[PDB]
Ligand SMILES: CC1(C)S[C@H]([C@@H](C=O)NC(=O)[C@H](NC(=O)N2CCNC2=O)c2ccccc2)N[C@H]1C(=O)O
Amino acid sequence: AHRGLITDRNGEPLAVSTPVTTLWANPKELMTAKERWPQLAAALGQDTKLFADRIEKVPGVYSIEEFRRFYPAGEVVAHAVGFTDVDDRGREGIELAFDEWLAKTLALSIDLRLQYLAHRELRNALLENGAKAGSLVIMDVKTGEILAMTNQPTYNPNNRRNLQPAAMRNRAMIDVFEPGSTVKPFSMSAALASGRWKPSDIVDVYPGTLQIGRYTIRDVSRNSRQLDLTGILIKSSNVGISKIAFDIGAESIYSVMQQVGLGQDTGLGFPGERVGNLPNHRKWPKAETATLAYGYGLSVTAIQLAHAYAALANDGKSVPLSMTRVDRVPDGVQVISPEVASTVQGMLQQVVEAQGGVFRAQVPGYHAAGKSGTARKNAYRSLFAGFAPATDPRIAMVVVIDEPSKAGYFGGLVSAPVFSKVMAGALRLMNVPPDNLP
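So, to be clear: I want the structure of only this chain, in the form deposited without the ligand. Can you give it?
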C-alpha cells in the first residue's frame, strides 16, 4: 500500500514512498527448475549452497511491488518527521503519530526554509561553544504552528548505521529541564495580576543573597540594591523574584504557570513527548515558593516553554499547539489578562534593549523581547526564550544549548546570539515588516 506524502507547510516533500520488490517464490514451482537456482543466486548476490538450503526469467520467481520511504531533507527534519521500518510502518515522529492517516497527503506546520536556518545556526553554536547537545523551537504566536523544531545531534534517516543513541533523541520534546530565569515573566504576570505590584515598584535585593533556614537563595549578578520589576528581569535577580513570591503567595504563581502550560500536556499526539512537572503543595514551604518563582522548582520541555512565551506574545491568549499546517485557526484561551501580558511584553523588550540588558539577543531591524536563563544540570544548559517584533509579535523562539564547555564567564548567555540570528532570519523569510526604525 502506497503511503501518503508528508510535506512541509509550502508543499516541500519530507517523506516520500519509493517502490521496492519482494521477489517471492513458492517452494514447489522453483523446485522444477533446480538448474536455474545457481543463476538466480548469482544475479541476486547470494551463496549457491545457502540459497539451495534456503529453498530446500526463472520459473516460479515472481515480483510483488512493495513500498519504502525516503526523506528528501534527511538530517535537517529527522526528529519531527521520524521514519518507517522495513515493513513501511511508522516507528518514530509524525510517521508514527499519523500512521493510520498515512497508511492521503499530510502538510506539516514546519517551514523548511526556517528549519534549514534553525538547524544551521544551532549546529554552528554547538561547535563554537563546544556544547554536547542543543534544541531550537520556532512557533507562530498567532496560529500555534511549530515552524521549526531542530535538535543537535541529529541523524540521517536515509542512512541508519553507526547511529549514536544521543542523535536519536527528540530533545525539544523529550528533554525535561528546570527553566530557571526564563519563567520569571510568569512569576511577574502573577505579581501584576495580584493587585499588589506595579513595574515601577522597588525590591531591595542587596547583597544578592537571601537566607531561608539552611538554604541560601543566590543571584548570579550581585551588583544591586534596589531594583524595579524590569531590573529584577534584566539582572535575573532570584532574590528579587523570591521576595515578590513571598508577598503574593506560591498559589498565584502556580496558577499562571499551569494556565500557560508549564509541566502540562501540550495536546500534541506526538510520540515520546514529555510533560515534565509543575509541583503543587497544600501548604507551600518558603524555599519552594522561592524556587518555583525563579524556575528551579519545576521542570518543562523546550516546546512547553515556547508555547508559554507564545501565549505571552499573543496578548495572553493561548492558541493550541500544532505540528500540522493550520488552515482554520482554533479560538484560543485567554490565560493571562491582556493588560498584564502587554505590560510583561514591554518589560521583556526592556530586558533585551535597556542598558545592561541582553544586548546579544537584539535583532537587527526589529524590536525583540526575551529572557535568558541557565539550567544547572559543573554542567548546565544555556537558555533563551523570546518573541518578536515586540510591537505586533509574530514568532516565539526557545534556544537550548546543553553543556557549552568552551564558555567561560557569561556562559549562561551563549543562547542569546543564536536567538538574534535565527529571529532576524525567520522574520525576513516571513516578510515581517520592521517595527524598530529610528
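Positions refer to the first chain, counted from 1. Here the rigid core means the biggest group of C-alpha atoms that line up within 1.5 Å when the two forms are laid on top of each other. Compared with the form deposited with the ligand bound:
Between rigid parts that reorient between these two forms, a hinge sits in the chain, and the option from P364, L268, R68, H281 at that spot is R68. When the larger part is held fixed by C-alpha superposition, the smaller rigid part is turned by 18 degrees between these two forms.
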The other form holds:
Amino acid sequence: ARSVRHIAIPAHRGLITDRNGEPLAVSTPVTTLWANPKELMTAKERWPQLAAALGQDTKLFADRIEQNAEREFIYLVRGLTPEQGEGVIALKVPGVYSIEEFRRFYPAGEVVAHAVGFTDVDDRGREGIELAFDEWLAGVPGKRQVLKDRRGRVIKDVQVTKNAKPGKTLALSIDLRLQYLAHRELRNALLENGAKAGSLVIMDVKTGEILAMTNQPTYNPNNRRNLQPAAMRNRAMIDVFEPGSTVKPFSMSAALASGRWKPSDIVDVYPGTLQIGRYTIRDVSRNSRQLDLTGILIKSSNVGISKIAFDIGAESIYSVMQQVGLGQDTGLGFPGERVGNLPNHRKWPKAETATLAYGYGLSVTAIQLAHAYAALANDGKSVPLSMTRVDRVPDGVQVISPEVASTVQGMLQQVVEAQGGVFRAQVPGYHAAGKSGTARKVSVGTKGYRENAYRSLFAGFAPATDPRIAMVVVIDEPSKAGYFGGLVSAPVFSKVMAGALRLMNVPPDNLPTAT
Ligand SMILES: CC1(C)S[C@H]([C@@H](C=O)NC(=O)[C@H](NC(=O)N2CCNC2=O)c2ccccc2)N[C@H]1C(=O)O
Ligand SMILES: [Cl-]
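Switch from the form deposited without the ligand, shown above, to the form deposited with the ligand bound and output its structure.
What follows is the entire complex, opening with the chain shown before.
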C-alpha cells in the first residue's frame, strides 16, 4: 500500500478576448479540497469545525466520511476561491488536502454566450467559439508523482514528470461595446414587440469583421442549471429564413448591370397585382399606378420588381445573389453554421423568376444577408467574413461594379430618407441607407405560409457618404405593436447604428439632425 501515484497538473486554457482585449472567456484559479478518510477517521473531534467551515450539516458531513472510511480519496468541495481553500487548509485538520484547479468564467455572460459558447465539466469546448477553436485554446495538462504511505497520507511530492502547457490567446472580431449595445436593444425590441426570437448582426464593411452578433432568446453560460436547448442557438449563424424584400436591392443591381434598365425608367404596377397562370403576385402598398426604379424600392413593390425580373431573366438575378454570397459557404467554420439554399433550375418559369427576385424560395442566414449588404456598402467589393480580429485589410472581390453599387446606395438612402420611406430607420446625425422586409413564416405541418405570423427585417448600412458599417435586424413573430419590417426592425437599426457609429468615432455627415 506504500507506492507512488501520478496526479495531473491542470493546464491554463487560452484567453478569449474581444477585438480590443476585453476578456470574454477566462480560466480562473480555484481550489478543490479533498480528504483522506483514513486520516480524518483519526481526527473525529475536528469534524464539526470542518463541516461548519465547509457550510455543511455536522451529521450529513459525518455520514459522508464514515461511509467512505475504507477509501483513501474523496472530494470535500470543488471550486472554492483560493482564499477560501487557504482558510480551510489553515485549520490544519489531518487528512485534508488542497489542489489548485481552473474554472472557465465568462465575464459578459449572456451578452456574448452564443458567439463564445462554453466548455464542459472536462473543460473541453462544447458550443460556439470554445468548440471551434478548442485545439488552439486547450492547454496540455502536466503530470507529477507523489509518495503515499500505507494509510494513504501524502508524505512527499516526488517530481514533476511533465510540465503543463498553457493554451493560446484568441482575439475575436467582436467589439464588446457594440455587443452590449446590440444585445440590449435587441432584447428591448423583442420585449416591446412580444416577439419569439431575434438576431442582430453588425459588420465592418471594409474588413469583413463581425463587430457584433447577438440573438434572443439567450442564456447565462456561467449558470446553465435550468438551461433549455432553444436558448443555446446562435440563430444568426445556424438558422435560415426567406429574406423577402431585403433582396430587392440585389435584383435591382442585376437590372442595372443588364444594360436594359436605368434609374429614370418607370414601371406600371396597377392594380397592385400581377396574375401569372394560377399564382398571383401581390403588393401591400397599393397607392400608386406607376413607379420609377427608386420608388419600386421605396414602396417595396413586388409587382414592380417582378416585371423587371421577367425582362432581365432569373440567371442575372441568381448571379448577383451568388456573387454577394447568398446561399454560399461563408468559410467561417462556426459550429452548426448553415449555408442556406439558392435554388438552381434547369428552366425558370415566370413564377419562380418573380419570387426569387422578391426574396422567396431562397434561404439565407442573418450573417449572409449582412455580408451581402457589406458588399453593396463597400462600393461593390466583397471581402471574406471574419470572426477573429483582422490585422490587415483583406483583398476584396469586385462583385458589383462601383457604378451600380453607387446608384443602388443612393436608392437605399432614398428608401430611408424620402417621403413615404422607412423613416423609423433614420439615424440621428447621419445619412443611412437600407431596406425593410416582412415575410410570412412557413407553416409548421404543411407546405405554404402561416396567415398571422411574420418575420420582420431591416438591412442597411451607414454613413451613406462613406459606408463603414452594415447591420441586419431580424425579429420573429412580433405580436404587440405591428409586424412590418419598417415598424418593428427599423427602429432597432436606428438606435444601434447611432450608438455604433458614435462608439467607433465616425464623424456625423448629417448635422441638420445631429446630437
Ligand atoms: C410589408 C411590405 C411593404 S410588402 C414587401 C415584401 C417584402 O418583404 N413582403 C411581402 O410581400 C410579404 N410577402 C410574403 O411573405 N410572401 C410569402 C410567399 N410569397 C409572398 O408574397 C407580406 C408581408 C405582409 C403581409 C403579407 C405578405 N415589403 C414589406 C416591407 O418592406 O416591410
Ligand atoms: Cl398563424
